[PDB]
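6 protein chains.
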Amino acid sequence: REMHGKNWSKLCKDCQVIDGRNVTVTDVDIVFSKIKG
Amino acid sequence: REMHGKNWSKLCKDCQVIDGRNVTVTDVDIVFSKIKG
Amino acid sequence: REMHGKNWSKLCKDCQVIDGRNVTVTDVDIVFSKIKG
Amino acid sequence: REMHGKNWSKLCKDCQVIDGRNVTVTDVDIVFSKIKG
Amino acid sequence: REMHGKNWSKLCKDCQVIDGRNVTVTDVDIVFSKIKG
Amino acid sequence: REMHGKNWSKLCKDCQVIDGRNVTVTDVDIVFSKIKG
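Protein chains in written order, with PDB author numbering: chain A, 69 to 105; chain E, 69 to 105; chain B, 69 to 105; chain D, 69 to 105; chain F, 69 to 105; chain C, 69 to 105.
Derived by calculation from the structure, the hints in this document are not laboratory data.
There is no bait here: all hints are sound.
One copy or two, either will do: identical chains are not told apart, so a pair holds if it fits within one copy or between any two.
DSS-like, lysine-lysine: derived pairs with alpha carbons at most 30 Å apart:
no., residue 1, residue 2
1, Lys78, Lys104
2, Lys102, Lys78
3, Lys104, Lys81
4, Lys102, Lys81
Given these sequences and hints, build the entire structure.
Encoded structure:
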C-alpha cells in the first residue's frame with residue numbers, strides 16, 4: 069500500500085502485464101478478464 | 069494507496085497494461101474486460 | 069489515493085493502458101470493457 | 069513471357085511481393101533493393 | 069515462360085514472396101536484396 | 069518453363085517463399101539475398 073520505486077523501476081499489485089520490447093498478440097479470443105461476486 | 073515513483077518509473081494497482089516499445093495486436097475479440105456484482 | 073510521481077514517471081489505479089512507442093491495433097471487436105452492478 | 073491467369077489468380081516473374089491480408093512492417097532500414105552492373 | 073494458372077492459384081519464377089494472411093515484420097535491416105555483375 | 073496449376077495450387081522456380089497463415093519475422097539482419105557474377 070506504500071510503494072516507492074526510484075529511477076528505472078517497476079512495481080504493481082493485482083497487476084497483469086505483458087511488459088517487453090517487441091510485443092505481438094495475434095488470433096486471440098480474450099486477453100484480460102476479471103470477475104467478482 | 070501512497071505511491072511515490074521518481075524519475076523513469078512505473079507503478080500501478082489493479083492495473084492491466086501492455087507496456088512495450090513496438091506493440092501489435094491483431095485479430096482479437098476482446099482485449100480488456102471486467103465485471104462486478 | 070496520494071500518488072506523487074516526479075519527472076518522467078507513470079502511475080495509475082484501476083488503469084488499463086497500452087503504453088508504448090509504435091502501437092498498432094487491427095481487426096478487433098472490443099478493446100476496453102467494464103461493467104458494474 | 070506469356071502468362072495467362074484467369075479469375076482469382078496471381079503470377080509473376082522477377083517479382084518480390086509481401087502479399088497478404090493484414091500486413092505490418094515496422095522499424096526497417098530497407099524493404100526492397102536491386103542493383104545491376 | 070508460359071504459365072497458365074486458373075482460379076485461385078499462384079505461380080512465379082525468380083520470385084521471392086512472404087505470402088500469408090497475417091504478416092508482421094519488425095526490427096529488420098533488409099528484407100529483399102539482389103545484385104548482378 | 070510451362071507450369072499449369074489449377075484451382076488452389078502453388079508452383080515456383082528459383083522461388084524463395086515464407087508461405088503460411090500467421091507469419092512473424094523479428095530482429096533480423098537480412099531475409100533474402102542473391103548474388104551473381
